[PDB]
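Turn these sequences into a full structure, and let the hints guide you.
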Amino acid sequence: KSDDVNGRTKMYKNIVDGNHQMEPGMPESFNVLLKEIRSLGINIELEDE
Amino acid sequence: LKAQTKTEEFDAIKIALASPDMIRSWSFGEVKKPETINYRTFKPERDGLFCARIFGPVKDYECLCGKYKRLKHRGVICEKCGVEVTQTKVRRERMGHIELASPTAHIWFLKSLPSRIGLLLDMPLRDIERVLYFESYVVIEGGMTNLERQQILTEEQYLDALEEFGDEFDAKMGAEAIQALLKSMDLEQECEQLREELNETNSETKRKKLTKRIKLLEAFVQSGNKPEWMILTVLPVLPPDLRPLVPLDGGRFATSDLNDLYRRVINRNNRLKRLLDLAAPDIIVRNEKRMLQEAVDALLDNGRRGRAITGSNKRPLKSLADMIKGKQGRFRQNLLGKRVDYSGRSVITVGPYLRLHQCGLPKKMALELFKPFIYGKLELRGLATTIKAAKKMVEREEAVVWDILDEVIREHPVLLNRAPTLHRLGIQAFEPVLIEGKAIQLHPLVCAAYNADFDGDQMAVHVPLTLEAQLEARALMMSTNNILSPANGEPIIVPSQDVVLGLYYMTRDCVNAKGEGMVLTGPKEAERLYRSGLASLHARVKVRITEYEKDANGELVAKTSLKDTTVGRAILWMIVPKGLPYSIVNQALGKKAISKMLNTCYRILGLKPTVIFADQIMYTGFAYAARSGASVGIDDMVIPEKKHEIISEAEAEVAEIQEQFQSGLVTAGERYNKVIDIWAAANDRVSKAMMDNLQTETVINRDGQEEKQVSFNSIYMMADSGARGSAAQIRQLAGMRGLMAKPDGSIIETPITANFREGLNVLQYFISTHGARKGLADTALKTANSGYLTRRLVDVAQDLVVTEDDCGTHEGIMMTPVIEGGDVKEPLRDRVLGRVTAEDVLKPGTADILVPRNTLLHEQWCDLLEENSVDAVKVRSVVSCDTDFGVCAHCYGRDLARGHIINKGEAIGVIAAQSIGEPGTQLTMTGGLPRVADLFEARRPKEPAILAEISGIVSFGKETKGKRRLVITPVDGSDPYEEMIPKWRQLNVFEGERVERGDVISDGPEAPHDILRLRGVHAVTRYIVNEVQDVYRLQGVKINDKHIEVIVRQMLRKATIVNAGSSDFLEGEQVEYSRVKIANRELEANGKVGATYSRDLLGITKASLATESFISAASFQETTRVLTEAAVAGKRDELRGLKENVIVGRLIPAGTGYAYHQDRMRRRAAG
Amino acid sequence: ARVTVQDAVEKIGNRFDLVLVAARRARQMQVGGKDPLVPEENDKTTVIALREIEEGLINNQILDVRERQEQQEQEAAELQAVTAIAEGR
Amino acid sequence: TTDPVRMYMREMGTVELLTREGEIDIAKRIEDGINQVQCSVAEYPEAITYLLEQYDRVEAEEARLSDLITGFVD
Ligand SMILES: [Mg+2]
Ligand SMILES: [Mg+2]
Ligand SMILES: [Zn+2]
Ligand SMILES: [Zn+2]
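Residue numbers (the authors' numbering), protein chains in the order written: chain C, 1294 to 1342; chain D, 8 to 932, 1135 to 1376; chain E, 2 to 90; chain F, 94 to 167.
Because the hints were derived from the structure by calculation, they are not lab data.
A portion of the hints provided could be inaccurate.
[As the list claims (entries may be wrong)] Mimicking PhoX-like on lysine-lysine, the simulated pairs with C-alpha atoms at most 20 Å apart in a straight line are:
no., chain 1, residue 1, chain 2, residue 2
1, D, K1247, D, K598
2, C, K1306, D, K395
3, C, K1328, D, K332
4, D, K325, C, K1328
5, E, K12, D, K615
6, C, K1328, D, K345
7, D, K585, D, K603
8, D, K398, C, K1306
9, C, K1303, D, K395
10, D, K21, C, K1328
11, D, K715, D, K695
12, C, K1303, D, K398
13, D, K87, D, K50
14, C, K1328, D, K1340
15, D, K96, C, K1328
16, C, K1294, D, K345
17, C, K1294, D, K378
18, D, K21, D, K233
19, D, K66, D, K76
20, D, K378, C, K1306
21, D, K911, E, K12
22, C, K1306, D, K399
23, C, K1303, D, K96
[To be verified] Cβ-Cβ distance ranges computed for the label pairs, FRET-style:
no., chain 1, residue 1, chain 2, residue 2, range
24, C, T1302, D, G636, 56 to 64 Å
25, C, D1310, D, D1368, 25 to 33 Å
26, D, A779, C, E1338, 54 to 62 Å
27, D, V1209, C, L1327, 51 to 59 Å
28, E, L64, D, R535, 52 to 60 Å
29, F, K121, D, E170, 29 to 37 Å
30, C, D1310, D, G636, 51 to 59 Å
Virtual Cβ for every residue (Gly too), placed ideally from N, Cα, C.
Structure (structure tokens):
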């Protein structure tokens, strides 16, 4: 409903298709926080699977 | 099976230092130029902070030079300007770098309060700065000569030292030196060195500081980080679109402050690169290096130096640390908190016609909100060819869409919210009802839970889009599913004011009225009597009634009798379902009884009958209240006839006491208090005169001579019923109002003799002003105090969730009634209700199991205990629950908006914290709200008492040295205790007595640290709950003791080891970890030993400090310090908590998500 | 409409596992895969699934059971097609 | 004391100002220094032959008069 720039459009199409679901993905606010931390000298990774 | 490579759904996160090569991995190019955009054609200059080659196309799927403009071309790098044509989105992603000529220090590892680089090298900070500014030379790897490895020299001294030893000794200065040190440092060799020295020299001064360093170092070793990386070779650059240059209206430009910062670092860096090939003298390249060092620092975190200011604007330019940082922690997650689509708001109104499960929604609001749904339903039935045509239809507002909206609206809850969301009922789900008009209509019964008055308050609406959100709203957040406060089990849907004046005026009786004495077959013909005008609403009448009792085994018995009642109660009986007795409605039905009515209906027949019941009560309440024609006139407020006389007599007393002060019979101070008391006493007299007159003086006649009953006077009915007003507020209307207090707080010895029914003159009003303004100020401030408190509370709890079912511990706390000094300030039945028994309880006699071991005590069980004389009950509590990392459902209790035992996975910490914080508005400014905080902050009082440290005979030793030592001597055990207590504090302790450990050795308050330490866990938790509950209950606030217990459990989460064999002896650590670990030794490895710990008491704000997840800590703590302190250890956040999962935007590992995380958490550590 | 979900919560204790199960079911109907087990009053799939829980014809076991049957019902059709992937050999 | 303005003002404040004659002292040394390398350069045979090979490229239109000499001593 707010921050997922992909998920929002992917959602809207499902609402008209008649499918109530969400393919959420990751919020862009937090996705930016990764770059701001990484823009400093900090290596921040998402591990595993 | 193959692992993976590309994007899977990730779990956990890792953080660490970045190698120069690691930084180069991310970088898609070197920013070599300060240039941004061309200045005419506004295109980005290759290769500068904004670059198509390094970062990305300005516009979607189009080459910069324009050679490849076709959407087909994707992996194509233009031969003219290398730009791979791809969405402009990558200009928000791709990073860059800058290769620094000279190394540069990272201010965060330099300037976070414990300078990391300093204590990593065991080197002072001021010295390192002295080495960085080229203000002295420092040795590295001194060899066998004259000099320490870390020793610092000055210019001349370095020269003097150099003539003697040219080589086999080395010293540098500036950043390269520090980097050489970090590189030369061998942690492994140093670690061993540190291990010996701990054992060799035995001193607390020595080994205290000593041990701190060695664990830290080896943490860094096991981490995988190499010390050199605290010194920057390569500097990453943030993607351009995250610091955009975007144009504005009038053709002006606007840009992020980072550009000005980045540009600077570049210029200086580049200038320095030039100055190397020109072989400039040392004095300049040195100055250039310092300037570059300062510039990088200003970029990363500005303000740890001089605080550079942005160009032409006084205001300092915002750096990267300030982008993350804020108030408080992150802005992202701080309130507020992200804007959200599909929402709205407007002024709210009543709508009593509504059922309790629905709410009035304005026509246009619903249109704009469901816009995507309407499009889809419109094109599902074929009323619109395509979505575009559908858009035009609702934009045309063709009449046909309204029927389609009723379809898409029908089963589709909406979320309603008010401004200060406090407890979870601050948000509730409703079913939409289409309303002409722009106002939100809100079911009256809920106005209490929202604290929503109608004085123009606005509410916000949210649409639950995903199917899971619709079902969450309906089965959890629905209005009808929460009618009972989670704070205390009492219904929060209790009819409010207008309704209870209706029911109070309805079931009430006068002495003589139409229909007096007659008899009727049943309520049906009772209404027939009333509605036709034959019988009065209140007249004494016997009517045949059929009540029901399910007292069989799950089965309804019926009984009919002639009940002596009135017409109104007879009429009202029509609503009461089935198994309730007529006894509940045979009374006068005040606001107090009308809630307990609803409570019993819920606890007997269940939810469904209770909901529809509540509805009916409201409808009939409003209706009959409207019939009643209740009003308020000026003659409705009756002043005592005896008032003026009382004032004069009390006016005579002051003149008695005054004559005594002029003649010196009484002192000045004594005068003030004396006069204040008589005036105060006078107020009570007037209050209790008008109360008597007002209440019963209606004196009326039935057939016989005279008689007198409780007044039907308008204003009284409001206060008696519980509708509005209270004897205190009434006292201000008719009787004199109070004695106000001057700002000083010294209540004035000439009270306010008038009231509101009379006029207040100039002085009285002016004096009244202070009470109002300080009231508003106090409350407006008490508003602020409350919010912060709930904050501290939810921070320390939060992540606490019901996890296991039964921890299976017999342990629990002993529950007795509170008995504060008089009679029963709170019964036993309220204290134990809904909790679970620790062990079976006996009758006063035995061989009788009343309650069998662990059983939920519900209403019948509490009454069966009350039938018997049962005086004391031990109860499982969340403080005693054996489950680690959570609460076992049995140890908590049943409480919810539903009466059933608490479900597995409900997040109780939040509902506990919210429940405690919300009522806090009503507390005072010892006593009051700050007193509560002192309890939760564990704060030691100013002049505490002292408790016997150990049992056994005590004596006094030595003599007044500013402290006179006290020696306790156990019979068998060791004697050695002698504590130095200042003797100028009054003792209590009998000098010659054996003291049980924990007795009162003096007077004054005691630190809760002691009670935990000396008296034990159950003692201190009993202490907190009873003291904090004293504060609330003094205000009339009902908060179940449960919630307070969970906060307590979080205060003592940590413990300090005593014995050894696997852990750190003196380490403070989670008793969760320890307890699971000593179970890992009792039968595992070596017994070893061990280890015994000691539970510790942490204040709420201190205990919330320690949190495993650093992303959570980075939210509410000081962000800079958290990231640094975490980045060095290479700490790996596994999520698992709530705070962090909200941040990353995935399912909360609780509630509906608890099934998910559980299913995923187990997938881990497997294969 | 469904005013109170209480009857379903009795059928499934947790009241959270209720939201999930009814959800899983509502999608079997909303995305057009199946049809209702109980008269639809024009109630949307949200409530239709809930009536199905109250009436005891839908729960986690049946769905896992039901789904597990469909796994083998479709696996029977493709039987010849995927055994034709002998192209591995 | 941080504030690089200060640690600059103080690092340079050590260097003492030149006398009107002292300016020439250093300057004479400069000429001497360069002339040594010039003479040192003049003594290299390949340095001569290369210039020859370079000037034949100038007269062959393989370079320009500006890319080799800025003019001589005369
Ligand atoms: Mg209100
Ligand atoms: Mg208001
Ligand atoms: Zn191009
Ligand atoms: Zn437990």
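Okay, the hints, checked on the actual structure:
no. : hint                            : in the structure
1   : D/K1247 <-> D/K598              : holds, 16 Å
2   : C/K1306 <-> D/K395              : holds, 13 Å
3   : C/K1328 <-> D/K332              : holds, 14 Å
4   : D/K325 <-> C/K1328              : holds, 16 Å
5   : E/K12 <-> D/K615                : holds, 15 Å
6   : C/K1328 <-> D/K345              : holds, 19 Å
7   : D/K585 <-> D/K603               : holds, 17 Å
8   : D/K398 <-> C/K1306              : holds, 14 Å
9   : C/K1303 <-> D/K395              : holds, 18 Å
10  : D/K21 <-> C/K1328               : holds, 14 Å
11  : D/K715 <-> D/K695               : holds, 18 Å
12  : C/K1303 <-> D/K398              : holds, 19 Å
13  : D/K87 <-> D/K50                 : holds, 15 Å
14  : C/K1328 <-> D/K1340             : holds, 18 Å
15  : D/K96 <-> C/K1328               : holds, 14 Å
16  : C/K1294 <-> D/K345              : holds, 10 Å
17  : C/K1294 <-> D/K378              : holds, 14 Å
18  : D/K21 <-> D/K233                : holds, 16 Å
19  : D/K66 <-> D/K76                 : holds, 10 Å
20  : D/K378 <-> C/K1306              : holds, 12 Å
21  : D/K911 <-> E/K12                : holds, 16 Å
22  : C/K1306 <-> D/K399              : holds, 18 Å
23  : C/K1303 <-> D/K96               : holds, 17 Å
24  : C/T1302 <-> D/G636: 56 to 64 Å  : holds, 59 Å
25  : C/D1310 <-> D/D1368: 25 to 33 Å : holds, 28 Å
26  : D/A779 <-> C/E1338: 54 to 62 Å  : holds, 59 Å
27  : D/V1209 <-> C/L1327: 51 to 59 Å : holds, 57 Å
28  : E/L64 <-> D/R535: 52 to 60 Å    : holds, 54 Å
29  : F/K121 <-> D/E170: 29 to 37 Å   : holds, 30 Å
30  : C/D1310 <-> D/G636: 51 to 59 Å  : holds, 57 Å
Checked against the numbered hints given earlier, this structure breaks none of them.
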